[PDB]
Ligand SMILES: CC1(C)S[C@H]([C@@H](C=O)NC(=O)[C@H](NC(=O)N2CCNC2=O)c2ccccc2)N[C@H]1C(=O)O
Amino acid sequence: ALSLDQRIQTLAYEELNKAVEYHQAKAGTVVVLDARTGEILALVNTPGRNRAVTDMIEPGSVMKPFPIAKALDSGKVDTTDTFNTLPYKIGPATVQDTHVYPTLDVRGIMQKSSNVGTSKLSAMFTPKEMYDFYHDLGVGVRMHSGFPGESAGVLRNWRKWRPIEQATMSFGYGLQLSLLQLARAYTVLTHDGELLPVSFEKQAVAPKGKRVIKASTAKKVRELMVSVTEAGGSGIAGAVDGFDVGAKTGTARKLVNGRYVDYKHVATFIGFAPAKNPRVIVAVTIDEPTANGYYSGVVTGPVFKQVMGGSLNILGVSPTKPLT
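Assuming the form solved without this ligand, can you produce the structure of this chain alone?
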């Protein structure tokens, strides 16, 4: 009566182990969720504790879809609105992008995973509004998944923030989530704006979602996220032949390791497919890759690609375009 699919579990295990070996990494995790039920289809970690649930990270770029979603959901901005995306200062701190563009529209802000653009979208909202939104996504909240040692992550009280904290949170630093929490948050995008509960038991009753954004917003955001896995986006290494995939990739930071402090870079890739009508969310982390790549997409993209493609094949979902 587990919801896990042995074929997907085996696939995830094999692909994770391949990447951890190739990149000479310290650890890794893969989570596969049913995109419309929140059931866990696979959950694998390298040997030791259940890092998917026990270990929180500052997620980095994989958090960026959420402020964009909030901004669109509010009606304050449109996907065609253009922002100045030059580096800027908040007191002595600088917010800047990997690759600098003078302006981007909201589509471009998603496509390029712009720190500046994402932070300016967040900046249209008060600290309380942003906090309440992250809380509604489950940040800092117990999932009660049935696993012991389940991290709640960290969402600092907005009443204590600074303008720089709100900005960094929008691009995934200064809040913390486990990989399972991150996969769960993506159900807002896949399940037409409603956050699903997570479970490893086969469901008997349809889960009740909690509305966070409009279904129309979720649909638009999924469309925007496809650009991340096409030429010009950071997540091209995770593209899946025969499908459109909405995803994000980035370098996360791990500040806690079990019951001890840590400081490690973590390569991350999270996405869903088919993008228009998603069946699966696949989330991958690889801790401290030391070989054949540091850049997050190169390290975790291939795992995501193989696990997503394999999962869709296992579940019988037909490609939506011819294979290349």
The other form holds:
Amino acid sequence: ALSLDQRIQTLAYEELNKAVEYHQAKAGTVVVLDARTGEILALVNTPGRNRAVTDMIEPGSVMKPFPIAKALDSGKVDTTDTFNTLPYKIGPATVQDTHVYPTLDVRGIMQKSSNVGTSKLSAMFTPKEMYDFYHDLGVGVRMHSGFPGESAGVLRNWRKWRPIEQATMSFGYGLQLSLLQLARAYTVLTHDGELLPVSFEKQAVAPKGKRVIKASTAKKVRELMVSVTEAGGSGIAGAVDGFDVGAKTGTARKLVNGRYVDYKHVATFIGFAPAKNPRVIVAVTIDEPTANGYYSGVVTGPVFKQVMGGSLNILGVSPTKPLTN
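Please move on to the form deposited with this ligand bound, as the form solved without this ligand is already shown.
Shown below: the chain alone.
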């Protein structure tokens, strides 16, 4: 009846805890979705409540593939287009990357995780168009997974938005998602641009997605995302031997009385493989690591590596390129 694979479940548990202990972190979560059905194959939380469904976080940089997809789907951006990625101001506040480049093409924006570049891609759409796009991805939306305490997330209405909000949401702040809503949204990337329902039951009928982007655009985005796990990309720690992996890192500062603090982070890592035609999505978040680094790449990449590499094995998926080990 249940779609949870005990072997992936066990693997996800062990590796989650090994990372949480190692990094002296408060809490953490792993979800593993079927990339074409939305079946949950694994879902684990450090002890306590089912954080995967009940808790909402700001996605940060693991949001960025979505505005990017939107740009490309519209016809207004091509994958080769170059953008000005310098710091710029919207009223008082300033939008910037942690490493400054003067320009990046779209592929640069993904591989390096450019806040500015993502917000330049966002800025070509009306508030309504971005809202509608995030809503269609399930941001702020009940999933009816069948779990109790299901968080809807938060998606403030576009009629209310200050201009800075459009921009900050495009690179992941001022909006909130359960890790499970976030994994789900990635089915748009994996299921040829159709958002899938999520369920913990084996399903007897093909599930029907809602079309959000073209099949051609998901394909292009998945290829862009391979850059994240190769040299020059922020998720190199996440690479799995034998396979190209489309992934996205995200490190977020936390909100304490509504101001962002520089001594408290949430590390996230979501990816799928094989990149060209994925079978699986793996999502990791770890909250408030205190030892042995705080970046997505070093905190959540290794966890992802082991859960993805062990899932592909367990499901009888063969390596698509030769090992270098």
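Positions refer to the first chain, counted from 1. Note that the rigid core is defined as the largest set of C-alphas that superpose within 1.5 Å between two forms.
- Shift analysis on the rigid core between the two forms singles out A252 from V240, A252, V212, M130 (C-alpha displacement of 2 Å or more).
- In the core-superposed comparison between the two forms, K276 has its Cα shifted by less than 2 Å.
- With the core fitted, the CA of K112 sits 1.0 Å away from its counterpart between the two forms.
- Per-residue C-alpha deviation between the two forms, core superposed: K264, 5.2 Å.
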